[PDB]
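To begin, one chain is listed below as C-alpha coordinates, in the form solved without the ligand.
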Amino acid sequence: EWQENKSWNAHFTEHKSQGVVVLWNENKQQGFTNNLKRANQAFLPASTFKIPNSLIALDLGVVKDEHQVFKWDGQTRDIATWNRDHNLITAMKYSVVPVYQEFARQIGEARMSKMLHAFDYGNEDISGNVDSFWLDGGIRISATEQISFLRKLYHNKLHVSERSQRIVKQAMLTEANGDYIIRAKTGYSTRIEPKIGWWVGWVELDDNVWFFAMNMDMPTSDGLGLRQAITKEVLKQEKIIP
(Lines of atoms letter the chains of each structure in order from A and count residues from 1; the text may use other names and numbers.)
(Lines give C-alpha, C1' and ligand atoms only; values in the text may rest on other atoms or scores of the structure.)
Protein backbone atom coordinates (compact mmCIF):
# COMPACT_ATOMS: atom_id res chain seq x y z
CA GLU A 1 0.00 0.00 0.00
CA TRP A 2 0.88 3.56 -0.76
CA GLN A 3 0.27 6.66 1.25
CA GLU A 4 0.24 10.16 -0.11
CA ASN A 5 2.13 12.75 1.95
CA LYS A 6 1.53 16.05 0.17
CA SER A 7 3.68 17.84 2.79
CA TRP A 8 6.72 16.80 0.78
CA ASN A 9 5.48 19.12 -1.93
CA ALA A 10 6.97 21.98 0.09
CA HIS A 11 10.42 20.66 -0.81
CA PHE A 12 9.59 20.84 -4.48
CA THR A 13 7.88 24.26 -4.02
CA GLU A 14 10.83 25.70 -2.11
CA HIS A 15 13.05 24.87 -5.08
CA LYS A 16 10.38 26.08 -7.61
CA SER A 17 10.17 22.57 -8.97
CA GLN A 18 7.58 19.94 -9.76
CA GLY A 19 8.08 16.26 -9.17
CA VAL A 20 7.46 13.13 -7.25
CA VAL A 21 9.35 11.30 -4.58
CA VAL A 22 8.41 7.74 -3.82
CA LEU A 23 9.71 5.94 -0.73
CA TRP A 24 9.36 2.37 0.30
CA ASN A 25 9.98 1.19 3.81
CA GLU A 26 11.19 -2.37 3.35
CA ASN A 27 10.56 -3.55 6.93
CA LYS A 28 7.03 -2.25 7.06
CA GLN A 29 6.28 -2.95 3.38
CA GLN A 30 4.73 0.45 3.09
CA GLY A 31 5.18 3.12 0.46
CA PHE A 32 4.89 6.85 0.63
CA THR A 33 4.71 9.52 -2.03
CA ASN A 34 3.79 13.18 -2.45
CA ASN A 35 1.92 12.49 -5.69
CA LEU A 36 0.31 9.13 -6.36
CA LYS A 37 -0.60 10.15 -9.88
CA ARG A 38 2.89 11.19 -10.92
CA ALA A 39 4.38 8.27 -8.92
CA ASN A 40 2.65 6.11 -11.54
CA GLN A 41 3.51 8.14 -14.55
CA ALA A 42 6.08 6.53 -16.78
CA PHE A 43 9.01 8.44 -18.17
CA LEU A 44 12.11 7.68 -20.15
CA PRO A 45 14.55 6.19 -17.67
CA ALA A 46 17.53 7.87 -19.26
CA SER A 47 20.66 7.02 -17.26
CA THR A 48 18.74 5.18 -14.60
CA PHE A 49 18.64 2.52 -17.30
CA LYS A 50 22.28 1.93 -16.58
CA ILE A 51 21.17 -0.28 -13.75
CA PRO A 52 19.45 -2.91 -15.89
CA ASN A 53 21.92 -2.28 -18.74
CA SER A 54 24.81 -3.13 -16.37
CA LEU A 55 23.08 -6.24 -15.05
CA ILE A 56 22.54 -7.60 -18.55
CA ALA A 57 26.01 -6.62 -19.83
CA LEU A 58 27.62 -8.34 -16.86
CA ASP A 59 25.45 -11.43 -17.07
CA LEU A 60 26.08 -11.90 -20.80
CA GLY A 61 29.77 -11.33 -20.36
CA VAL A 62 29.78 -8.13 -22.33
CA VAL A 63 31.36 -6.67 -19.23
CA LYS A 64 33.78 -9.05 -17.60
CA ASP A 65 33.87 -7.16 -14.34
CA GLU A 66 33.85 -3.77 -12.77
CA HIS A 67 37.53 -3.22 -13.60
CA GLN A 68 37.38 -3.77 -17.32
CA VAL A 69 38.42 -0.48 -18.97
CA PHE A 70 36.38 1.08 -21.76
CA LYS A 71 38.75 3.42 -23.54
CA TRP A 72 37.82 7.02 -24.43
CA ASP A 73 37.53 7.24 -28.24
CA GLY A 74 39.18 10.72 -28.15
CA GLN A 75 35.98 12.51 -29.23
CA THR A 76 35.44 15.41 -26.95
CA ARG A 77 31.82 15.41 -25.85
CA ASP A 78 29.97 18.04 -23.90
CA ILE A 79 30.55 16.32 -20.62
CA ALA A 80 34.17 16.57 -19.56
CA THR A 81 34.13 13.49 -17.33
CA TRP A 82 33.09 11.41 -20.37
CA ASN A 83 36.28 12.32 -22.18
CA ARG A 84 38.41 9.79 -20.31
CA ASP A 85 38.78 6.08 -19.94
CA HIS A 86 36.13 4.33 -17.79
CA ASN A 87 35.20 1.16 -16.05
CA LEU A 88 31.74 0.10 -14.88
CA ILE A 89 32.09 2.02 -11.64
CA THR A 90 33.12 5.31 -13.15
CA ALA A 91 30.86 4.86 -16.20
CA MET A 92 27.98 4.61 -13.80
CA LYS A 93 29.17 7.44 -11.60
CA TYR A 94 29.53 9.83 -14.51
CA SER A 95 26.59 8.41 -16.47
CA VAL A 96 28.82 7.78 -19.45
CA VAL A 97 26.21 7.17 -22.11
CA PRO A 98 28.61 6.21 -24.92
CA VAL A 99 29.99 3.33 -22.91
CA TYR A 100 26.52 1.94 -22.25
CA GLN A 101 25.41 2.40 -25.84
CA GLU A 102 28.26 0.16 -26.81
CA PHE A 103 27.10 -2.40 -24.21
CA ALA A 104 23.58 -2.15 -25.60
CA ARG A 105 24.83 -2.82 -29.13
CA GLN A 106 26.80 -5.82 -27.96
CA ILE A 107 23.81 -7.05 -26.04
CA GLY A 108 21.58 -6.59 -29.05
CA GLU A 109 17.90 -6.00 -29.30
CA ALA A 110 16.74 -9.59 -28.91
CA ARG A 111 18.63 -10.22 -25.67
CA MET A 112 17.90 -6.72 -24.35
CA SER A 113 14.15 -7.16 -24.84
CA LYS A 114 14.09 -10.64 -23.36
CA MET A 115 16.05 -9.51 -20.30
CA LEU A 116 13.92 -6.41 -19.66
CA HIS A 117 10.86 -8.55 -19.84
CA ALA A 118 12.47 -11.03 -17.46
CA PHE A 119 13.15 -8.05 -15.18
CA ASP A 120 9.59 -6.79 -15.52
CA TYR A 121 11.30 -3.49 -16.26
CA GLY A 122 8.95 -0.59 -17.08
CA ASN A 123 6.89 -0.91 -20.26
CA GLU A 124 9.59 -3.27 -21.54
CA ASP A 125 9.43 -1.51 -24.94
CA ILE A 126 12.82 -0.97 -26.56
CA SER A 127 11.65 0.60 -29.79
CA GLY A 128 14.24 1.32 -30.92
CA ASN A 129 16.77 0.43 -31.84
CA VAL A 130 19.24 -1.04 -29.41
CA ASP A 131 21.57 1.74 -28.30
CA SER A 132 19.33 4.66 -27.42
CA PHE A 133 15.85 3.41 -26.60
CA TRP A 134 16.15 4.41 -22.90
CA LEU A 135 17.05 7.92 -24.07
CA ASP A 136 14.63 8.47 -26.97
CA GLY A 137 12.82 5.31 -27.78
CA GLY A 138 9.78 3.77 -26.32
CA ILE A 139 10.96 2.43 -22.96
CA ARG A 140 9.18 4.15 -20.08
CA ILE A 141 9.14 3.46 -16.39
CA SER A 142 7.40 5.03 -13.49
CA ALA A 143 8.79 5.81 -10.05
CA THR A 144 6.76 3.01 -8.49
CA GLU A 145 8.06 0.60 -11.13
CA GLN A 146 11.59 1.74 -10.39
CA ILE A 147 11.01 0.84 -6.71
CA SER A 148 9.73 -2.60 -7.71
CA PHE A 149 12.76 -3.17 -9.88
CA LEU A 150 15.17 -1.93 -7.26
CA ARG A 151 13.67 -4.06 -4.57
CA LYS A 152 14.28 -7.15 -6.68
CA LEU A 153 17.88 -6.06 -7.24
CA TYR A 154 18.45 -5.43 -3.55
CA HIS A 155 17.20 -8.93 -2.79
CA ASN A 156 19.15 -10.53 -5.64
CA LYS A 157 15.82 -11.61 -7.06
CA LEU A 158 16.32 -10.31 -10.57
CA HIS A 159 16.79 -12.85 -13.36
CA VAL A 160 20.55 -12.56 -13.61
CA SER A 161 23.29 -14.08 -11.47
CA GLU A 162 23.91 -13.02 -7.94
CA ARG A 163 27.35 -11.85 -8.99
CA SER A 164 25.94 -9.51 -11.62
CA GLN A 165 23.55 -8.06 -9.06
CA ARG A 166 26.24 -7.63 -6.44
CA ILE A 167 28.51 -5.92 -8.94
CA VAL A 168 25.80 -3.54 -10.02
CA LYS A 169 24.90 -2.76 -6.42
CA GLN A 170 28.57 -2.02 -5.86
CA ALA A 171 28.57 0.24 -8.86
CA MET A 172 25.51 2.05 -7.55
CA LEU A 173 27.32 3.11 -4.41
CA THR A 174 26.85 6.84 -4.21
CA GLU A 175 27.32 7.88 -0.61
CA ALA A 176 28.17 6.25 2.67
CA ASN A 177 28.99 7.21 6.16
CA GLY A 178 28.30 6.06 9.70
CA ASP A 179 24.60 6.80 9.37
CA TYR A 180 23.61 5.42 5.99
CA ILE A 181 24.63 4.02 2.67
CA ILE A 182 22.99 5.26 -0.48
CA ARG A 183 23.09 3.14 -3.61
CA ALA A 184 21.47 4.98 -6.45
CA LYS A 185 21.55 6.13 -10.00
CA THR A 186 20.81 9.52 -11.46
CA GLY A 187 19.13 10.14 -14.77
CA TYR A 188 18.48 13.13 -16.91
CA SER A 189 16.07 12.81 -19.75
CA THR A 190 16.50 15.64 -22.25
CA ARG A 191 15.68 14.27 -25.71
CA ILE A 192 11.92 14.22 -25.29
CA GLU A 193 9.51 16.35 -23.28
CA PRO A 194 9.00 16.59 -20.50
CA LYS A 195 12.69 16.95 -19.61
CA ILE A 196 13.11 15.30 -16.25
CA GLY A 197 15.69 14.31 -13.74
CA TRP A 198 15.64 11.03 -11.89
CA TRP A 199 17.24 9.72 -8.77
CA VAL A 200 16.44 6.15 -7.87
CA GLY A 201 18.00 3.85 -5.35
CA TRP A 202 17.89 3.07 -1.72
CA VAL A 203 19.14 4.02 1.66
CA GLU A 204 20.60 1.26 3.78
CA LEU A 205 20.33 1.78 7.50
CA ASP A 206 21.57 -0.63 10.16
CA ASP A 207 18.08 -2.12 10.60
CA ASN A 208 16.03 -1.17 7.51
CA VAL A 209 16.26 -0.15 3.90
CA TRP A 210 14.30 2.72 2.38
CA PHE A 211 13.92 2.52 -1.40
CA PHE A 212 13.39 5.75 -3.24
CA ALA A 213 12.59 6.89 -6.72
CA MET A 214 12.12 10.49 -7.61
CA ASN A 215 11.73 12.42 -10.75
CA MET A 216 11.24 16.11 -11.30
CA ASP A 217 10.81 18.45 -14.20
CA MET A 218 14.26 19.57 -15.35
CA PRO A 219 13.80 22.28 -17.97
CA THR A 220 17.52 23.10 -17.71
CA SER A 221 20.65 21.37 -16.41
CA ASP A 222 20.84 24.08 -13.74
CA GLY A 223 18.50 22.14 -11.48
CA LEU A 224 20.30 18.77 -11.58
CA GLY A 225 21.54 18.89 -7.96
CA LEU A 226 17.95 19.20 -6.77
CA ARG A 227 17.41 15.55 -7.60
CA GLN A 228 19.53 14.62 -4.62
CA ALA A 229 18.77 17.71 -2.51
CA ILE A 230 15.02 17.30 -2.60
CA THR A 231 15.24 13.58 -2.05
CA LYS A 232 17.42 14.20 0.96
CA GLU A 233 15.17 17.04 2.13
CA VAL A 234 12.43 14.34 2.18
CA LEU A 235 14.60 11.65 3.75
CA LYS A 236 15.55 14.13 6.47
CA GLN A 237 11.90 15.10 7.10
CA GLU A 238 11.12 11.45 7.52
CA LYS A 239 14.07 10.96 9.92
CA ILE A 240 15.55 8.39 7.60
CA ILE A 241 18.82 10.27 7.55
CA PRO A 242 20.03 12.79 10.13
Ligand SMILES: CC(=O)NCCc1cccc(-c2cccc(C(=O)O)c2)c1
Given for the second form:
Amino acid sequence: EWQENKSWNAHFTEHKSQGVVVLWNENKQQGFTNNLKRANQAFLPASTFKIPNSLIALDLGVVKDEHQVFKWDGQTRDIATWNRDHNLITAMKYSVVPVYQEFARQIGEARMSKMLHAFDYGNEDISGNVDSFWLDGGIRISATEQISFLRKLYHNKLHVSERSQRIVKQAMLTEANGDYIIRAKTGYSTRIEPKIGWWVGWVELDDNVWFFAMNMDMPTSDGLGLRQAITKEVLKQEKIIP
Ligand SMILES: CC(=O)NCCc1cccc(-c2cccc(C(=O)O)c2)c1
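Pass me the form solved in complex with the ligand as well; I've looked at the form solved without the ligand already.
Zooming out: every chain and molecule, the one shown earlier first.
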Protein backbone atom coordinates (compact mmCIF):
# COMPACT_ATOMS: atom_id res chain seq x y z
CA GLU A 1 0.00 0.00 0.00
CA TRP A 2 1.24 3.45 -0.99
CA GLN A 3 0.05 6.90 0.04
CA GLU A 4 0.81 10.22 -1.66
CA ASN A 5 1.25 13.28 0.57
CA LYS A 6 1.71 16.40 -1.55
CA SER A 7 2.03 18.45 1.65
CA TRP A 8 5.71 17.48 1.70
CA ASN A 9 6.10 19.46 -1.55
CA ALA A 10 6.19 22.57 0.65
CA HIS A 11 9.61 21.47 1.96
CA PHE A 12 10.96 21.50 -1.60
CA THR A 13 9.02 24.62 -2.59
CA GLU A 14 10.41 26.59 0.35
CA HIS A 15 13.88 26.20 -1.21
CA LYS A 16 12.88 26.85 -4.84
CA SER A 17 13.68 23.15 -5.29
CA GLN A 18 11.98 20.10 -6.77
CA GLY A 19 12.36 16.48 -5.70
CA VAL A 20 10.86 13.39 -4.14
CA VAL A 21 11.01 11.83 -0.70
CA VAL A 22 9.95 8.20 -0.28
CA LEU A 23 9.38 6.75 3.19
CA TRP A 24 8.76 3.08 4.02
CA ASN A 25 7.41 2.03 7.43
CA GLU A 26 8.82 -1.44 8.07
CA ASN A 27 6.43 -2.38 10.89
CA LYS A 28 3.34 -1.38 8.90
CA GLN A 29 4.70 -2.28 5.44
CA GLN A 30 3.35 1.05 4.16
CA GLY A 31 4.96 3.56 1.82
CA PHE A 32 4.65 7.35 1.66
CA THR A 33 5.83 9.86 -0.93
CA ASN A 34 5.10 13.36 -2.17
CA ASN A 35 5.28 12.37 -5.85
CA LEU A 36 4.38 8.83 -6.90
CA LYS A 37 5.62 9.46 -10.44
CA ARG A 38 9.08 10.78 -9.56
CA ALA A 39 9.32 8.13 -6.82
CA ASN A 40 9.35 5.65 -9.72
CA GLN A 41 11.53 7.65 -12.13
CA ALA A 42 14.97 6.08 -12.60
CA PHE A 43 18.12 8.20 -12.23
CA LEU A 44 21.84 7.59 -12.26
CA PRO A 45 22.70 6.34 -8.74
CA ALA A 46 25.97 8.30 -8.62
CA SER A 47 27.68 7.81 -5.24
CA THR A 48 24.71 5.92 -3.78
CA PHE A 49 26.20 3.07 -5.82
CA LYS A 50 29.03 2.85 -3.28
CA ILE A 51 26.63 0.69 -1.24
CA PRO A 52 26.36 -2.16 -3.77
CA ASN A 53 29.94 -1.53 -4.89
CA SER A 54 31.22 -1.93 -1.29
CA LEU A 55 29.17 -5.11 -0.83
CA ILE A 56 30.56 -6.67 -3.99
CA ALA A 57 34.16 -5.62 -3.28
CA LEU A 58 33.95 -7.08 0.24
CA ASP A 59 32.31 -10.34 -0.86
CA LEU A 60 34.91 -10.95 -3.58
CA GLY A 61 37.86 -10.10 -1.34
CA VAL A 62 38.78 -6.99 -3.32
CA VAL A 63 38.34 -5.29 0.06
CA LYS A 64 39.69 -7.33 2.98
CA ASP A 65 37.85 -5.42 5.72
CA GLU A 66 36.89 -1.93 6.80
CA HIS A 67 40.49 -1.27 7.98
CA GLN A 68 42.32 -1.95 4.70
CA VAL A 69 44.07 1.24 3.60
CA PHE A 70 43.62 2.37 0.00
CA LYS A 71 46.60 4.64 -0.61
CA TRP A 72 46.07 7.90 -2.44
CA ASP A 73 47.48 7.54 -5.95
CA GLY A 74 49.32 10.85 -5.66
CA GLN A 75 47.15 12.65 -8.21
CA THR A 76 45.86 15.95 -6.86
CA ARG A 77 42.08 16.16 -7.31
CA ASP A 78 39.79 19.10 -6.57
CA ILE A 79 38.14 17.42 -3.56
CA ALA A 80 40.72 17.94 -0.81
CA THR A 81 39.54 15.00 1.29
CA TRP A 82 40.16 12.71 -1.70
CA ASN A 83 43.92 13.50 -1.64
CA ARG A 84 44.77 11.21 1.24
CA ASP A 85 44.63 7.60 2.33
CA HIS A 86 41.26 5.99 2.98
CA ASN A 87 39.68 2.84 4.29
CA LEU A 88 36.14 1.71 3.49
CA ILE A 89 34.66 3.80 6.31
CA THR A 90 36.24 7.10 5.25
CA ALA A 91 36.00 6.35 1.53
CA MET A 92 32.22 6.06 1.99
CA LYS A 93 32.01 9.05 4.35
CA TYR A 94 33.75 11.35 1.83
CA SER A 95 32.38 9.65 -1.33
CA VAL A 96 35.89 9.00 -2.62
CA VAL A 97 35.17 8.14 -6.26
CA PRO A 98 38.75 7.18 -7.25
CA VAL A 99 38.84 4.53 -4.50
CA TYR A 100 35.60 2.96 -5.75
CA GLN A 101 36.71 3.22 -9.37
CA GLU A 102 39.59 0.91 -8.48
CA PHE A 103 37.16 -1.42 -6.69
CA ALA A 104 35.06 -1.62 -9.87
CA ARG A 105 38.10 -2.21 -12.09
CA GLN A 106 39.17 -5.12 -9.87
CA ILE A 107 35.62 -6.45 -9.63
CA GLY A 108 35.34 -6.44 -13.42
CA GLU A 109 32.40 -6.16 -15.80
CA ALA A 110 31.30 -9.79 -15.56
CA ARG A 111 31.21 -10.12 -11.76
CA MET A 112 29.76 -6.62 -11.35
CA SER A 113 26.97 -7.42 -13.82
CA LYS A 114 26.10 -10.77 -12.20
CA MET A 115 25.99 -9.18 -8.75
CA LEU A 116 23.73 -6.26 -9.63
CA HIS A 117 21.31 -8.74 -11.16
CA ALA A 118 21.55 -10.91 -8.03
CA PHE A 119 20.79 -7.72 -6.07
CA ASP A 120 17.87 -6.86 -8.42
CA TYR A 121 19.55 -3.45 -8.33
CA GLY A 122 17.85 -0.86 -10.53
CA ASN A 123 17.89 -1.63 -14.23
CA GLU A 124 20.94 -3.86 -13.59
CA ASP A 125 22.65 -2.36 -16.67
CA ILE A 126 26.36 -1.59 -16.34
CA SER A 127 26.74 -0.46 -19.96
CA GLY A 128 29.54 2.09 -20.13
CA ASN A 129 33.00 2.19 -18.61
CA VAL A 130 33.42 -0.28 -15.75
CA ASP A 131 35.00 2.47 -13.63
CA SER A 132 32.36 5.15 -14.16
CA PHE A 133 29.13 3.57 -15.36
CA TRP A 134 27.34 4.70 -12.18
CA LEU A 135 28.31 8.29 -13.01
CA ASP A 136 27.76 8.44 -16.79
CA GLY A 137 26.84 4.93 -17.95
CA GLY A 138 23.54 3.20 -18.49
CA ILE A 139 22.67 2.13 -14.94
CA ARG A 140 19.55 3.72 -13.48
CA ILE A 141 17.58 3.30 -10.25
CA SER A 142 14.42 4.83 -8.77
CA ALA A 143 13.81 6.00 -5.21
CA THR A 144 11.38 3.13 -4.61
CA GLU A 145 13.97 0.71 -6.04
CA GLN A 146 16.57 2.14 -3.66
CA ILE A 147 14.27 1.27 -0.75
CA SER A 148 13.67 -2.30 -1.95
CA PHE A 149 17.43 -2.76 -2.18
CA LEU A 150 18.08 -1.15 1.21
CA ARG A 151 15.38 -3.26 2.87
CA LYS A 152 17.19 -6.40 1.70
CA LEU A 153 20.49 -5.04 3.00
CA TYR A 154 18.97 -4.20 6.39
CA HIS A 155 17.62 -7.76 6.74
CA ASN A 156 20.89 -9.36 5.50
CA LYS A 157 18.91 -10.81 2.59
CA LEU A 158 21.19 -9.75 -0.28
CA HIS A 159 23.08 -12.59 -1.98
CA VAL A 160 26.38 -11.82 -0.26
CA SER A 161 27.70 -12.89 3.12
CA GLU A 162 26.18 -11.55 6.32
CA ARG A 163 29.65 -10.17 7.15
CA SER A 164 29.77 -8.13 3.94
CA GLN A 165 26.34 -6.70 4.70
CA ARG A 166 27.20 -5.92 8.31
CA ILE A 167 30.40 -4.15 7.24
CA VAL A 168 28.67 -1.99 4.63
CA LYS A 169 25.93 -1.10 7.11
CA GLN A 170 28.68 -0.02 9.49
CA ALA A 171 30.26 2.06 6.73
CA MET A 172 26.85 3.68 6.07
CA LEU A 173 26.66 5.02 9.64
CA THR A 174 25.92 8.74 9.30
CA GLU A 175 24.30 9.92 12.54
CA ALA A 176 23.43 8.49 15.94
CA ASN A 177 22.06 9.92 19.17
CA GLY A 178 19.72 8.88 21.97
CA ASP A 179 16.72 9.17 19.62
CA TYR A 180 17.69 7.58 16.30
CA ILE A 181 20.41 6.07 14.13
CA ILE A 182 20.78 7.05 10.45
CA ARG A 183 22.64 4.74 8.07
CA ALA A 184 22.64 6.32 4.65
CA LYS A 185 24.64 7.33 1.58
CA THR A 186 24.60 10.59 -0.34
CA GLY A 187 24.77 10.92 -4.10
CA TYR A 188 25.48 13.75 -6.54
CA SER A 189 24.79 13.09 -10.25
CA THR A 190 26.08 15.78 -12.64
CA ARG A 191 27.30 14.05 -15.81
CA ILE A 192 23.86 13.29 -17.30
CA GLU A 193 20.82 15.55 -17.08
CA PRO A 194 18.94 16.23 -14.95
CA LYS A 195 21.53 17.00 -12.27
CA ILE A 196 20.28 15.54 -8.99
CA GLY A 197 21.31 14.88 -5.42
CA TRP A 198 20.46 11.63 -3.65
CA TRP A 199 20.11 10.62 -0.04
CA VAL A 200 19.05 7.03 0.65
CA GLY A 201 19.16 4.93 3.79
CA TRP A 202 17.07 4.34 6.89
CA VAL A 203 16.30 5.60 10.38
CA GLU A 204 16.59 3.06 13.19
CA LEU A 205 14.26 3.67 16.14
CA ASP A 206 13.77 1.58 19.28
CA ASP A 207 10.82 -0.38 17.87
CA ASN A 208 10.69 0.46 14.15
CA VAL A 209 12.82 1.29 11.12
CA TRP A 210 11.91 3.92 8.52
CA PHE A 211 13.60 3.47 5.16
CA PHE A 212 13.99 6.58 3.04
CA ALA A 213 15.14 7.50 -0.44
CA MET A 214 15.10 11.02 -1.83
CA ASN A 215 16.39 12.76 -4.90
CA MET A 216 16.13 16.41 -5.85
CA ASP A 217 17.16 18.74 -8.64
CA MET A 218 20.69 20.01 -8.02
CA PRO A 219 21.66 22.64 -10.60
CA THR A 220 24.62 23.72 -8.43
CA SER A 221 26.63 22.15 -5.64
CA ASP A 222 25.43 25.00 -3.39
CA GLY A 223 22.26 23.06 -2.52
CA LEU A 224 23.79 19.70 -1.55
CA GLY A 225 22.99 20.28 2.12
CA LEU A 226 19.30 20.39 1.19
CA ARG A 227 19.32 16.62 0.65
CA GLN A 228 19.62 16.01 4.39
CA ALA A 229 17.79 19.17 5.45
CA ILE A 230 14.67 18.46 3.37
CA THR A 231 14.63 14.77 4.29
CA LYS A 232 14.86 15.58 7.99
CA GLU A 233 12.06 18.16 7.77
CA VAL A 234 9.88 15.41 6.31
CA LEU A 235 10.96 13.06 9.09
CA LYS A 236 10.12 15.73 11.66
CA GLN A 237 6.71 16.37 10.06
CA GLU A 238 5.87 12.66 10.25
CA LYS A 239 7.03 12.64 13.90
CA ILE A 240 9.72 10.08 13.08
CA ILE A 241 12.48 12.19 14.65
CA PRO A 242 12.11 15.08 17.14
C1 LIG B 1 35.69 20.88 -3.53
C2 LIG B 1 34.31 20.82 -2.96
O3 LIG B 1 34.09 20.51 -1.79
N4 LIG B 1 33.32 21.12 -3.81
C5 LIG B 1 31.92 21.18 -3.41
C6 LIG B 1 31.34 19.81 -3.06
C7 LIG B 1 31.33 18.84 -4.22
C8 LIG B 1 31.69 19.24 -5.50
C9 LIG B 1 31.71 18.33 -6.54
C10 LIG B 1 31.37 17.01 -6.32
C11 LIG B 1 31.00 16.58 -5.05
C12 LIG B 1 30.58 15.17 -4.81
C13 LIG B 1 31.16 14.11 -5.50
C14 LIG B 1 30.73 12.81 -5.28
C15 LIG B 1 29.72 12.54 -4.37
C16 LIG B 1 29.13 13.58 -3.67
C17 LIG B 1 28.01 13.31 -2.70
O18 LIG B 1 27.54 14.28 -2.06
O19 LIG B 1 27.61 12.13 -2.58
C20 LIG B 1 29.56 14.89 -3.89
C21 LIG B 1 30.99 17.51 -4.02
